[PDB]
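Trainee: The residues making up each chain are set out below.
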Amino acid sequence: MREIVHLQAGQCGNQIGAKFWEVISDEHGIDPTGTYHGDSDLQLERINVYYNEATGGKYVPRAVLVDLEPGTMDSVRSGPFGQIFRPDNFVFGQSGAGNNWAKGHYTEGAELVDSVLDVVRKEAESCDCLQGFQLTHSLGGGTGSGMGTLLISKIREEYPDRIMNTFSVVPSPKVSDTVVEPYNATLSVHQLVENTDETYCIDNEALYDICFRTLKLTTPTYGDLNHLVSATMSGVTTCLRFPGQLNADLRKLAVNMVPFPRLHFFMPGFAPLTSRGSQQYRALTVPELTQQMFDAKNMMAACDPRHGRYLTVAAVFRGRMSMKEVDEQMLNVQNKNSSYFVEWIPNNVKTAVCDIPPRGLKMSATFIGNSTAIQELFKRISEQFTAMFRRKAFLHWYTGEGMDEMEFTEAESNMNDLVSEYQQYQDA
Amino acid sequence: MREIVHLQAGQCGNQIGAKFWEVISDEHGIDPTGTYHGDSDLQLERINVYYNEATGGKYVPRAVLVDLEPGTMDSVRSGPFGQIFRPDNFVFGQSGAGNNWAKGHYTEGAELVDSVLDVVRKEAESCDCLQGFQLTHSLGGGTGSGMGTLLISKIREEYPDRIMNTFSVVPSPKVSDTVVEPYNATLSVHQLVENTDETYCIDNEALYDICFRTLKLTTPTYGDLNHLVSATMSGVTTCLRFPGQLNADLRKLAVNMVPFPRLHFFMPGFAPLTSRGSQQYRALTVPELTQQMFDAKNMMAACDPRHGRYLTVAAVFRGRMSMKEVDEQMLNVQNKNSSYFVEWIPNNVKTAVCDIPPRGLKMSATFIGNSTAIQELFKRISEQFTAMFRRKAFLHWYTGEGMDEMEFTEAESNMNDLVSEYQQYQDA
Amino acid sequence: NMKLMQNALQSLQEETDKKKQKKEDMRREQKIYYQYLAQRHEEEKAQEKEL
Amino acid sequence: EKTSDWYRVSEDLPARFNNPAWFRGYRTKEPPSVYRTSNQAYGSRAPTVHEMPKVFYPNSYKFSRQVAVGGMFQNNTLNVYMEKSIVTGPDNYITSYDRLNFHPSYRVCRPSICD
Amino acid sequence: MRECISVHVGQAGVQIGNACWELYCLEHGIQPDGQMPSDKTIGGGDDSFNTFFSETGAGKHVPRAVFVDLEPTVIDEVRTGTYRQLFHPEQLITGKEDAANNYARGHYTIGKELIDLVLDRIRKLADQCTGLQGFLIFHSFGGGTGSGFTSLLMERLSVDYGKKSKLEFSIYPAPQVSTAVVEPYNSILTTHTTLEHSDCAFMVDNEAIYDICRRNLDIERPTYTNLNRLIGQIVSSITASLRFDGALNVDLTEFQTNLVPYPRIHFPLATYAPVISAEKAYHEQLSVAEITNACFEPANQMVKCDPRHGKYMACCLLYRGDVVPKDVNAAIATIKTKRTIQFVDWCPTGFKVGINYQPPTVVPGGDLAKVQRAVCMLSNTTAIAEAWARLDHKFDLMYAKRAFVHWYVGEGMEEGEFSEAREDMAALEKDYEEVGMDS
Amino acid sequence: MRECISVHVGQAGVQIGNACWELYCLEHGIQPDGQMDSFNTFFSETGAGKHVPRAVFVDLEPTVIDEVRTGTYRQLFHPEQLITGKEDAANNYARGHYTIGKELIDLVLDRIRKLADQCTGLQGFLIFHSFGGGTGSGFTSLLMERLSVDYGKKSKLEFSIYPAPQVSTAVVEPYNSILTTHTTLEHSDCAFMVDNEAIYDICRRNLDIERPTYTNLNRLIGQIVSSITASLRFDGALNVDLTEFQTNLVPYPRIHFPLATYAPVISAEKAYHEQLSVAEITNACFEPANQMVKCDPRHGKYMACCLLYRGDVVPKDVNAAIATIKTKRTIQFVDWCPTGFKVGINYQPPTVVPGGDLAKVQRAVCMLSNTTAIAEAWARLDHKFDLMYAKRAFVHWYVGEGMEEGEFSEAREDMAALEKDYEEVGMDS
Ligand SMILES: Nc1nc2c(ncn2[C@@H]2O[C@H](COP(=O)(O)OP(=O)(O)OP(=O)(O)O)[C@@H](O)[C@H]2O)c(=O)[nH]1
Ligand SMILES: Nc1nc2c(ncn2[C@@H]2O[C@H](COP(=O)(O)OP(=O)(O)OP(=O)(O)O)[C@@H](O)[C@H]2O)c(=O)[nH]1
Ligand SMILES: Nc1nc2c(ncn2[C@@H]2O[C@H](COP(=O)(O)OP(=O)(O)O)[C@@H](O)[C@H]2O)c(=O)[nH]1
Ligand SMILES: Nc1nc2c(ncn2[C@@H]2O[C@H](COP(=O)(O)OP(=O)(O)O)[C@@H](O)[C@H]2O)c(=O)[nH]1
Ligand SMILES: [Mg+2]
Ligand SMILES: [Mg+2]
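Protein chains in written order, with the deposited numbering: chain GN, 1 to 428; chain FN, 1 to 428; chain 4, 310 to 360; chain z, 22 to 136; chain GM, 1 to 439; chain FM, 1 to 36, 47 to 439.
Hints are computed from structural coordinates only; laboratory data are not their basis. Where is the CB? At the ideal position from N, CA and C, for every residue including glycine. Incorrect hints may have been included.
What the hints assert, rightly or not - Ranges of calculated distance between the beta carbons of each label pair, as one might list FRET restraints:
1. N247 (chain FN) with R306 (chain GN): 38 to 48 Å
2. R123 (chain FM) with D304 (chain FN): 52 to 62 Å
3. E405 (chain FN) with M36 (chain FM): 50 to 60 Å
4. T409 (chain FN) with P175 (chain FM): 51 to 61 Å
5. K332 (chain 4) with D224 (chain GN): 52 to 62 Å
6. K336 (chain GN) with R391 (chain FN): 49 to 59 Å
7. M403 (chain FN) with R251 (chain GN): 50 to 60 Å
8. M36 (chain FM) with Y210 (chain GM): 32 to 42 Å
What the hints assert, rightly or not - Only pairs whose alpha carbons sit at most 16 Å apart, straight line, appear in this in silico EDC-like list of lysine to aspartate or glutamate:
9. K297 (chain GN) with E421 (chain GN)
10. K304 (chain GM) with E411 (chain GM)
11. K216 (chain GN) with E324 (chain 4)
12. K50 (chain z) with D334 (chain 4)
13. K336 (chain GM) with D127 (chain FM)
14. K163 (chain GM) with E401 (chain GN)
15. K174 (chain GN) with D209 (chain GN)
16. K50 (chain z) with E357 (chain 4)
17. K340 (chain 4) with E279 (chain GM)
18. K124 (chain FM) with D160 (chain FM)
Unchecked claim - Here are some of the chain FN residues that sit facing chain GN, going by a computed Cβ distance under 7 Å:
19. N52
20. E53
21. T55
22. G57
23. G82
24. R86
25. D88
26. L117
27. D118
28. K122
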């Protein structure tokens, strides 16, 4: 009865989320026409966490896809699994954001936010009990970061006790692809620290080093980097849909993880990621899966967490495994390494197991780490914002429609403390 | 149960290292794809020491191959057996080594020391216990010296208890393969004394000695020179690996040989060697085997054993053989001459006899011998190095690398005391 | 685990087939286009002489 | 005269770019005269099989028009929603309020309203 | 839906529009007489011509363009040339007697009789179609109607439309290569409207195109047809992300905010990198990382100013063809590695990247080659400040002896407008100074 | 990883980059069309299976470009590397460096900056020019001056033709061949000298071909430059490179002067006899009475000896033949090098070229020794610069564009100090 709603935001979220429904529907066994043709029997037993019913026994996914340009909605509808979405559930404006966070927060997107919520109140009416919403956006552009934030602060106010979850493409340090990035990213963390229950840091530079050094690909396009994120969003909530031993839902992973209510910026990673030459050479055992979770390469955020202590650590294993090999292997991390762990929590590890593996693997995991190294990309974003704002480099494109300048030095007030809050909890 | 991780570096380290795990897998009986090809079940007991059980009946090298130059990687993958090797265990650099220790140890060792050490810490952490360790590398060439001896010190901080060891190659002291190799080899063994626990050194002058006058086999290549080592350096770890009557570890032979843990310089060589013309004339008895390690007709390394006394000797064996004429042969070589043996300490030997011989040979053996003859090759180096340090020519390469002229004089006094240490242990 | 192994090798075969196809057909089409250049060049030279 | 014969193609290219002989509107290669003006050199030759585009990625808009005809969705309905139940049963129906609404198990000792 | 309107002014701008509308017609399937040539053959997935054409009732596509001239002879080659059956005959607006190298004629006394026509014909075009990304006009500095009527068109078109974007394309005089003695008097005095009333004003010199042809290509003696074909491949690369979809696409709004720091620094450059003779394209590679290192070479710029003297404020990169996104990010960090390529102290990000799947098309009879890859590098640079330093010196040297003034002052122009233009460009030589030093 | 990107400067440089690239392009299977990964050392790749050798054909005389291009190998050496000047420099360091040399740096910057992107890891630069000609002494000089500022520590070795003391081709050539090496001791790593009199000596008495052209002397340099950089390209018994002997043959940053000698110079009348043993071919290296610089070593210092080998090589006879060199004392003993050798072994035997000059060869060895014999035979050119700088000859064409008379004695004191330090190195250590 515990079901969720999958909002998609911006143009980066529509590459993530359109690949998200080609992974879930692979798992639940749905054709592109929307009719069940699957193998096993408990596979559609919990189909109602995500999907919905229609006439004649056809299943439609539930979502709402927003954009400020109409080009992406035609691209999603012409996708491989693009037939199953309802045509009422697409909402889109007519004039693009133009990489302007202020246009996508005040003048170009606020006409649309009164029409997305009419879709959302129609999908949240149909529930038995909502577990929480879900959003996918990008912290680099205009229409993912502005209006995708304006969805959050209005959904949270009118659904206050649901477990809001997000997935964020944090901008890169220096290998970047927009001139006006730090105005776009520092103005979004100001409204993302106080309105989200969990938020994930997805570097686009740690998502290339995976695709060179542990997968050894040749031409890593965007078609598979959407897939690496879309295996983690399936991996966190496998405990929600499928049975097992020591299940842990979308909410019970939040309670164990965030010790103080401003420190909810995580860093994920997926455990068996093996090069296709070395598929013959990996050994399927539980300890070999664990050394990939805590390896510094499979961190998928922008900072190496050996520069500090983990605060709390998750591990959502999937498959068939003895749960003695689960609870012993996490202990051997906390004793071999001791200085890299916070010592006023006597056990830093939450575990979970479910019995239904991903399609085509024996077992898989999903690492979640609330490391204290995440202050580092908060300094590098803030240092590239206090150099622009010394002499007002690009400011007149944002100021001219109604944003005064004091909402920019208010942002670093709500940003330079959050650099410090990781430092006081770094030690003693 | 006991496991072994392997670190391996450079070009000459790879060519010795590609042959080693080719002839490791002969007695383990491993497919050139990697699956089981055991002919008996006593040959499949502690194959887990070197191989991880990859699934399918598969087995992989627990071995890390690094190189800073990809132009000698193809000499390894295109070998007769080079399909076992895992591609994640390959990591390759873009900048050339430059046939230099200082470039390879300070400059280009700096970038990739964390990349190798995190992978080696990845593979060694999954051990229930690491029994022994090795490295195959050279001293006459750059990154085999540079990256070879840098990384022994970096794991030395993290893993100080487990036993590391060195299979090294002195460059040829008769005909040079780099002109100024007292700068390369002596600046790399200066790191190596406190880096490692023990040192195995074979030289090519003892290798060309055998095929000329003793084996009666003209035209040996580096595949013939790699056949007097790659069964030798698997010939000391026998009784741990294949079960025997008198089984011994790798650490415990390194425990029983000495009362004083200061010095460690060995010389490996394989015992059952006679000419293919004399293959049927000269297979008589186990006294014929013992009359090869003792005699210097077998030269193990370039140093001649007849120069000085032996503080100890050690003679391991594989295969079922007698006991009373083991007792006879250590007595009859004592009575006729006692100049090899020290006249103070009477007991020297460590006779570990196994049950399992290799295929094709019935009475196998390996000799590791401690005496004062390693002094001789360093003494003409102390006639080589002082001829070239009094003028300081090639040091103009070495000023700009990142070091001064005071590491040169200090490191030679880290060796010239050891020459004095050997010569007063030899006396009295 | 073995059926995963054959799926891996199948993807290797598909990749090398596609690479050799792209190399072969695009070099042939380049040769075709360059013969077209030679023909048009000689026609324009004859036009110059006629004028 | 058939560009899939001469060149390989992506199989979704339209027939206009497939068959180049239909572009009949271009100039007809008149032999030169002295009174040959220079601005007339623009577009003086028809395209041939070599110049047709190999691939084509145009932006269709049929779905976007046929969805955004009229107006976007907006809720103008009366407030219709059932407050659901916490327990999972089709017979057991309790909410935050009305916690005593369930089928009573048949107690033998007394009627069920007496505890 | 996502359209643009191309307004052409003057003899230089019309002969750009003879080259553009040849090249957009080749990019779609459109014949020179309209007539989408599909004949009883089914097709699905189209409408990539809404950005520059209009499908009418008979099935005949008519583009959105007005052609404005004050000269009769230039436009009447179109009315009798091959494309006569394509333009609507009201949209080839023709003047009667020309400006004859005169700002004062083209802005005060001759364009008054004609401005009532063009602003009726533009409003007919825009009311017809839904959205409007922005106009893309074409003009030239060194002539009368190219800089007079253009200075009157832009003052009137920024009032009654406003918030819809504009672009601007220019022909800028050389240091050496000039065609008129009136050239400095009107390339100084045309900046009273291309500062206030233009959102981006691109800059193209005749001299570098005269030199980029002799060095990359095996061509000598290139005429004006070969200059028009190159600038047709810029406008068909800025707007290529509107029509043909891509992995990372920039609209006309997107690169406007990533490229001009302050609202008086809207004078970017442009370069086209894989320019190569069709014999030489057989030879080299022209990779994904080859053609981005060529954008910053001083031999292959567009205005003859040394790029190794200024500091680059912003760069927008417009890639075209089969480009992968990992190879782009390998290229950019290599440029920031080299320390002779200079970026301003308050801009560590640096770049904006766009990628389209459509390959750059070929033109028949064109000396450009067929290459799978292309890029058009937009940049705002401090080195263009040193490009007015050879035009202010050619203006006050003229003005002190008062040569060639009596034509302007007799046509409704006052002498207080000459020296007012000189201070308004000597002010801008400090705006490009004051944002140059470090903090 | 193995790539020696080059650049040609000169009529001499492009004639050598014709007739050494004969053997370079017959070592691989590129017929002169440019069509069909050892090739990736030199040849780039297009998309469509076509190549460009990573080289630039810079020269200011406009004849050598057309004459090279009108050969068989027309579209092989592709025409955009072909950098042509309008008027030649004509024995003038001032023309070739200052008044015409500054004109084409903007071209050479493109054509050497774009080549760096197309290799995996760039090894270094071998460069081609000559000393008795002005534009081959000037652009090479200014090339090193700009490039070692911009890049720096990349490998830089020179190919050139040095005036042997018997015969020469220009009058005042000890001027222009002694000014241009004020930058080869600064911005480059090593230097090759090959005088053509030392090839005219050998091309009669080791191949029985009287009357040899310079295009026949352009192929024994090919039979050097094959085995020198060919060890990079093919996995031998020990895969040796050129940064290797960049380190190994340089004891001081002043004395980088190796001596090149290749073993198989035998006729088809002589090929009925040589057994191609390692002993006889290493004798054909280390008996310098028949080698490629005309200086007898019997007053020189026998320091550093790199020996490269191609073909049917056995290490036991290599280590017997280098030991055989160490037996006899007529090659004597330098003090501070006890052994000072290098063995390099490569498994592609060299290619016999049609239109070539000798018969079937199985075995190859080439030697580069550092020896002070030609360092003390530098004194002949050093002493006979003075006999023409006693009387102020030819200076007027030089001095007009920037060869002022101070530099003419600056180079003199700079290069007298070089001999004064040669004498102290030749004083026993
Ligand atoms: N790049 C480029 N510039 C051109 C071209 N044709 C003309 N020009 C430029 O146009 C300038 C002349 O200005 P115009 O716009 O033609 O002014 P005009 O039409 O002569 O003015 P009137 O004679 O009064 O009609 C010359 O200086 C050229 O630089 C062309 O085809 N390409
Ligand atoms: N061995 C050999 N020597 C050459 C070759 N080409 C030119 N030379 C030598 O070069 C010397 C003069 O030629 P260059 O050095 O090119 O002088 P140049 O012709 O003035 O040079 P540029 O003016 O730059 O073209 C003569 O001594 C020749 O011996 C060649 O192909 N092989
Ligand atoms: N991970 C991922 N990132 C993408 C993809 N497509 C675009 N991006 C990122 O999105 C950022 C810019 O996004 P943008 O298009 O401006 O998002 P928008 O503002 O919502 O339109 C860039 O940093 C890209 O790295 C994708 O398919 N996957
Ligand atoms: N026994 C043996 N010696 C080798 C092998 N490869 C190289 N060597 C020796 O390594 C020494 C120097 O070789 P070099 O290539 O310069 O060392 P590297 O650069 O570290 O690989 C020489 O004495 C060679 O005899 C091999 O496969 N086996
Ligand atoms: Mg005009
Ligand atoms: Mg010349």
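Trainee: Can you name, in rising order, the numbers of the hints this structure does not satisfy?
Mentor: Hints 4, 5, 9, 10, 12, 22, 23, 26 not satisfied by this model.
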